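The data below hold one chain only, encoded as structure tokens and taken in the form deposited in one PDB entry.
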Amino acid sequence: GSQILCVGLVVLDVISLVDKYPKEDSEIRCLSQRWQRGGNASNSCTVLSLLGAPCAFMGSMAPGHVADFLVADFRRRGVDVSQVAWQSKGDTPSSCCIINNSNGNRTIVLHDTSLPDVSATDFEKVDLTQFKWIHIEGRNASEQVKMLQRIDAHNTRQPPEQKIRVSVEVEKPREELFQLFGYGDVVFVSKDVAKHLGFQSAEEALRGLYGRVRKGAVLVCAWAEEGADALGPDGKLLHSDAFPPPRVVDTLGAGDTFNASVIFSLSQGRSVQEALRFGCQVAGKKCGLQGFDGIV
């Protein structure tokens, strides 16, 4: 019971670093380029690993030269990949990512291949006893709500001493996913989802959405340079200022760095206030670097 598990996408991020965002129908030359392992649950595994937390990724992956790269990266980072749902149909997805080196803005064109999502069945097939935490990136909702019911069940039959804690990310403003607010002890909702839904602050959002969460759970909302807020059952709003770097050069996967770091801190039994601060602290540190090398 010593590992954290993330369940979501792994994506090849084909990255271009430019010094200003290109105007439509124009042509500019990038400063530098790199390939990076990406996808939300993949990114959080990078971060959890860098923090010293044994973790494991679980997502789909079609065999090929791309996947061979993604996997060589998972190892080397020490991410247990042994839970991957290897596909036959489809290619592994990839993104074009334009990173604006003057403000770290990152723009992403995702080629979501037909590759099929990890399912209730893939999941029903995993040894829950290895994990202290399970984080799920909201993608195939209805099919994941099932993986969530399974974990609750396993919990029921377990001494509070050894229940598996669960967190859930709703990053995309998409209906299918809104049912997912109802699971997990921790629920991450993005600024985009919040805005796409009426609210224009992290505190508004938390008041609004708290009704939708499972009894006793914490709802977390980061808001970039506004920092991040949390709201638990006690009804007290928690806040943390951001730790922006002097020069913000790369925000690609800052949100995932925040999620990972919050998860990490909580899994070490720190308070919600402490973990809020940790998340901003580490996400902010990453925004001042290209990639993840160097956040520790």
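Numbering follows the first chain given and starts at 1. The term rigid core refers to the most C-alpha atoms you can superpose between the two forms while keeping them within 1.5 Å. First, how it differs from the form deposited in another entry.
Residue shifts between the two forms, rigid core superposed: of 121, 200, 102, 142, the only C-alpha displaced by 2 Å or more belongs to 102. When the rigid core is held fixed, the Cα atom of residue 29 travels 2 angstroms or more between the two forms.
Residue 16: CA moves 2 Å or more between the two forms after rigid-core fitting.
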Given for the second form:
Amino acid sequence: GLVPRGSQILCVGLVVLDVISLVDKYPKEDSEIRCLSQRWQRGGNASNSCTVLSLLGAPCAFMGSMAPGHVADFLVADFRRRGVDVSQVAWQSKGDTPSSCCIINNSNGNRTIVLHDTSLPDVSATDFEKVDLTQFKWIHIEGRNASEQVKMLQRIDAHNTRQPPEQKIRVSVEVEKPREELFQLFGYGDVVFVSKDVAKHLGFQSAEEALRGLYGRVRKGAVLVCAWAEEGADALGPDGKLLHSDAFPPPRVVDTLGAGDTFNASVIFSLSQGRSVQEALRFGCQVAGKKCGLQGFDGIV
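Moving on from the form deposited in one PDB entry, please list the structure of the form deposited in another entry.
Keep in mind that what follows is only the chain, not its partners or any molecules around it.
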């Protein structure tokens, strides 16, 4: 159907089918065990952020790789259940639609993860070249295949060069995995999210150290954002002033999975609505905090 010009927030990244099993004790190899509870969930960073944007009242779209099959059918039906526009999905002829398997041991809270395989090709710069950008007001890219994503980012800048300031597409990038190839992405986007895990891997012991240490790597005018779980979040823009928001932990923490993606989607949402960096930071912390007291994303708004 018809999508009004400059109305959608696009999230480019991974969609994964997560099979989560809760067990009394971790299984011994070669054995068959009955779990306490089993759950299928749509995962992936860009994919979770789309869920959150839809629930916040934002028209949103997901761009990522899928292969036809029963995994994709479940994932597409889940995206639709969450009101996510799925028209920009890069359908593949080869590889598996990603699926992960999590075993959570109830006697100690330990999680054993069997990560998806790497058979599915990522969204390429040539796949992105074929996308009409006019329907998007904001494009969020989850860092994965960095050298291809740089070309996608250069395409958006080129688009923006011919647009008046009110038709200019806002851009955000997330550097969540501690992989060297991704650090080139710091130099792209209006808003750069760097994870606590990436920061710690670079030897930074706080969000402040992380923002001050990495601000020299962002493009002129960009805002660098770093969430540090229950220590809240920080942002640093061109004025050199470090901004901070404390976390808003729930009375009882129920489920933290996708709290970081909730934060990213909420920050993007708040910025797209014309709110200040300080306001977006606080809003991001509030919604991530509310999510932590909830199973899944139902009731975050």
